[PDB]
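One chain comes next, on its own, written out as structure tokens in the form deposited in one PDB entry.
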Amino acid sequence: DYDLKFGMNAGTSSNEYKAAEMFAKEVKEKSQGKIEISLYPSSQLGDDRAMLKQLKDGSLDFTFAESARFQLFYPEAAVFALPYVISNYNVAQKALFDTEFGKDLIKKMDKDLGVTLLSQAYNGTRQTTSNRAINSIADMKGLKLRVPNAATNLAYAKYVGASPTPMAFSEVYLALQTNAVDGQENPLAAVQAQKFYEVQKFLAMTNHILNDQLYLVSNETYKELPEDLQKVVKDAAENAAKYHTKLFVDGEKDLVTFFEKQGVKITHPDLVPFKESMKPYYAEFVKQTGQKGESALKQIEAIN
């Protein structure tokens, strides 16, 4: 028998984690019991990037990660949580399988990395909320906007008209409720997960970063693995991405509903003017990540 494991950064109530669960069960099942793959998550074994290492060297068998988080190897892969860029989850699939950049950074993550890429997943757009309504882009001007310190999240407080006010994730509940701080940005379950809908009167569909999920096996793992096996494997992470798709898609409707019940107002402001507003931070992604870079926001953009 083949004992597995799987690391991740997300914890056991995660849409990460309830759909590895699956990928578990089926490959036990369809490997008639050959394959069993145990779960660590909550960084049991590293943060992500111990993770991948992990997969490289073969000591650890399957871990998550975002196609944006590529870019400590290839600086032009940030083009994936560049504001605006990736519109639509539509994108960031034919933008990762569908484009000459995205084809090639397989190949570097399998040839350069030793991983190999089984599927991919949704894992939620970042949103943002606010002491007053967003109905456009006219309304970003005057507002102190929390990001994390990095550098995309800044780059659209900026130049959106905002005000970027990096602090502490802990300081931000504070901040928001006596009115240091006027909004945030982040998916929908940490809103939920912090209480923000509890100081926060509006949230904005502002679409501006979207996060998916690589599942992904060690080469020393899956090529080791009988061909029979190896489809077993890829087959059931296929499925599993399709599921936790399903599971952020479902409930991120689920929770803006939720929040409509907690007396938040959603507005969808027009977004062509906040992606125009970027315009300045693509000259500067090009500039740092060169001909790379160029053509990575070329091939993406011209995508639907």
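Rigid core: the largest C-alpha set superposing within 1.5 Å between the two forms. Positions refer to the first chain, counted from 1. Compared with the form deposited in another entry:
- When the two forms are overlaid on the rigid core, CA displacement between the two forms of 2 Å or more is confined, within 121, 78, 147, 233, to 147.
- Taking 2 Å as the criterion, residue 31 does not count as shifted between the two forms: its C-alpha moves by less than this amount when the rigid core is aligned.
- The Cα position of residue 198 differs by 2 Å or more between the two forms after fitting on the rigid core.
- Relative to the superposed core, residue 169 shifts its CA atom by 2 Å or more between the two forms.
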The other form holds:
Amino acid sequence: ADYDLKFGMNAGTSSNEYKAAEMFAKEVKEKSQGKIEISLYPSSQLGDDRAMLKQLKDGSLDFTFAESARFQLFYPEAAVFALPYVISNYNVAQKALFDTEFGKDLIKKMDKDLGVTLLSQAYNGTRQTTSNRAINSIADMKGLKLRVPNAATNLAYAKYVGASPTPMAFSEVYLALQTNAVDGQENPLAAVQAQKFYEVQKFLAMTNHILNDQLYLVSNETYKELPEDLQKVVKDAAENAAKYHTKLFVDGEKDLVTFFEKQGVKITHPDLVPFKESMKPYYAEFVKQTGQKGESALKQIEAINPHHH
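Output the structure of the form deposited in another entry; the preceding block shows the form deposited in one PDB entry.
We keep it simple here and write out only the one chain, dropping partners and molecules.
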């Protein structure tokens, strides 16, 4: 309570994100000897992630989550993190952010231009596609009214596989699916579980199309005001929570398919070759729009070996 701080997020109280944010909050309170208390504001109470990023910049929110890909809003080449099928796995996502010149520069700009400090990175699952009718092949996407978040890379995913995208906020999705205003949505399995989308979607297709990370972000206005020993408490707690965050996602990912089958969901495994083929002209458009910066980021990312060594 010397520092009453706030951590906003789109995820809800049943989510892995929230569980790991609770761990972070508990560690910070303990190790700051009570000087800092972090309260959680889930379910987009404060707005969406675009809004919460603005609040961190302004200093009116202290902590939030965002993907590396979400920074495409300021630096177009950062969409590389969510070009479908480009990032192979989380090992690549980690090296793309921390071990490339592109990623290192992005982190610096976040701090210097956007007033946000990157404390840690976790894995947030690989997106799959749920729907009210089977997706047995890419043909089934044609005219599927597929909800997407308000993000260019997801809108593109939907466009290029032949679906009819409808952007809407995460908070509005469950109702849209339940009323069949849309036919499907796409998110990692842990979100399908957390938001109970499986109650209102009969089918799950393993499209494996976009890999999400999650960054623990702090407003510079807040971080700069903490004495350095408290900065260290926050940084160390964010790193500890991110490892736990990743583990919740990794441990659950395979098992969740069983969980959904038991809830009555039918699982399909469409041939992904035509999905990946369909993205070829999108990668071309990305390079055309983002220029040499985008080409360079793609090359640095494609150079990363996806196997742990």
